[PDB]
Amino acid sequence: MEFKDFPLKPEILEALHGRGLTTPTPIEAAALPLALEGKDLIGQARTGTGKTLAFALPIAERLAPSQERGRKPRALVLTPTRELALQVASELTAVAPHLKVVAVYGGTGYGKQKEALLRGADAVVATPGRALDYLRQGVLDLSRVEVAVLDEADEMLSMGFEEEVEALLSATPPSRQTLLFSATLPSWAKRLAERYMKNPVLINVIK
């Protein structure tokens, strides 16, 4: 199946077509049907093999545009690094032209990201430390999140973000969809699935 064969808005299909993207990776092809109907998934795939569209397309398809100044984000993607936050935010911005995506990360000051959040956001792609700082400031409000993504859960564990990831998910409605991507499934990741996910389907394309 090409992206064309899935039930995606014409505007999302136009965005993919323009960027030369026609064929899902295996993990994407298997994930899309479940993710597009709002189901929780664990995706186990290696390295930097392609998996961003397994969550970016569902976010794009699920969220209608909003004009409201000051609005809270309806999607949250957590990433282990600034590098990945910027890369994922760029990919999500491209397949979701109708959504305001804001990347949140440390290693820089607080002002610009604060100013972007106060203006309003639809999706936030964040590293966990900075995201938690903003939640504590009451600047990041997660109460309207409908889709939470953990991108490279095992890497977030190895960096020591376990507590921050848990706190952030705890600040989102449990009625949300949760998607967890990790090449390995350490005990902490299994605890997350149990505590923070709803009957997750596991898709493993490691081989």
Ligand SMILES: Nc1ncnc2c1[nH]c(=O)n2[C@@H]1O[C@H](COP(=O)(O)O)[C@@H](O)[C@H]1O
The other form holds:
There are 2 protein chains.
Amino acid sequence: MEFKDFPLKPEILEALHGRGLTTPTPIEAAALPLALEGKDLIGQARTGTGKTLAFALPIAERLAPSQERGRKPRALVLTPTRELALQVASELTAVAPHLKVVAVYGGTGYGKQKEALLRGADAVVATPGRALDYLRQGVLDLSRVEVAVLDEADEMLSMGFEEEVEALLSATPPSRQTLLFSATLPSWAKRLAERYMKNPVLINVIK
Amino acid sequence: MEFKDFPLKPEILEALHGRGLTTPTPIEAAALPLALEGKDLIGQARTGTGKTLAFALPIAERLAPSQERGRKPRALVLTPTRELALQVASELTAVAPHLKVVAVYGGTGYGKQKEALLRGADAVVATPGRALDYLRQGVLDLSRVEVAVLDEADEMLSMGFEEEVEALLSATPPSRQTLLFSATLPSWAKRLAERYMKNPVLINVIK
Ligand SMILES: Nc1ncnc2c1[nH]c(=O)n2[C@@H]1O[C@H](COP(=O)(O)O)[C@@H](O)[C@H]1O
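Would you mind generating the form solved in complex with this ligand now that we have the form deposited without this ligand?
Once more the chain from above appears, this time first in line as the rest of the complex follows.
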């Protein structure tokens, strides 16, 4: 199946087409039917392998546009690094032209990102330490998150973000959809699946 | 996604709708994009009903009608039990109305099944012992198999059919597509995968 073969809004298919994005990777191909219907998934694939559309398209498809000033984000993507936050945000912004996407990461000041959150966001793509700095401040409100994504969860674990990731997920409604990407499914990932996911389907494309 | 949302032939969708089946189960939904594109998959789902369309629809879609007298099957579905051979043959028959499906199983004589095979077959659904016996007789020819399915591999193991299943797989062309369904993924299944499958994606829906 090409992306054209999935039940995607015409505007999303045209945004894909324009970027030369035609063909889901195998993890995407298997994940999309479930993810598009709101189901929780664990995607296990070789690190850095392409899987972004497995969560970006479900976010694009699930979230209608909003103009409401100071609205809280309806999608949260946690990723380990600024570099991945910037790359994912860019990919998501391109496939969800209707959504306000804000990247959040430390190693710079608070003002700029604080002002974006306070203005409005539909999707936040965040490194966990900086994201948590915001929740306890009262600036990041996670009470409307509909879709949470854990990107490169093994790296988040190796970096020592376990407690931050958990606290951030705990600040979201358990009624959300959760998508977990882990190369190796270590004990922490399995704890996440048990504590923070609902009957998640495992898709493993490490051949 | 409903079955109508996949790229299936209209006559196959009509066959499904005529059986009252509109919606894939999660295993079916996640499997179909890859299976319809000819890729190998391991589907980990509970024993019993709920998985047939993950292999029956790819078989229906992949195989064009043929009228050749005495033709050899292009799909082989192995089941652990005689009851399931009959059940799966019936299910496949219904969704592939353009194909001749022949059930092969013990617990009865050899004549009717042998006559059916000699007349010709597009798909054979078999228990492993009877299938290997007909292979040895030169009645069942597996040289044209394009799709091989192992439905309920765990029971095949517990019943002691490992040798027979491996011999049958070995008798088919390695160019084929292979779909393996297992509730537990025991070692034997993993070694079958390693030997007989091509970079399979694993999809585990067990709750
Ligand atoms: N279906 C798809 N087609 C093309 N590029 C994709 C894709 N899904 C996906 O995530 N990408 C990109 O592929 C990148 C990874 O590619 P890699 O490093 O494995 O060559 C990801 O970071 C994305 O930028």
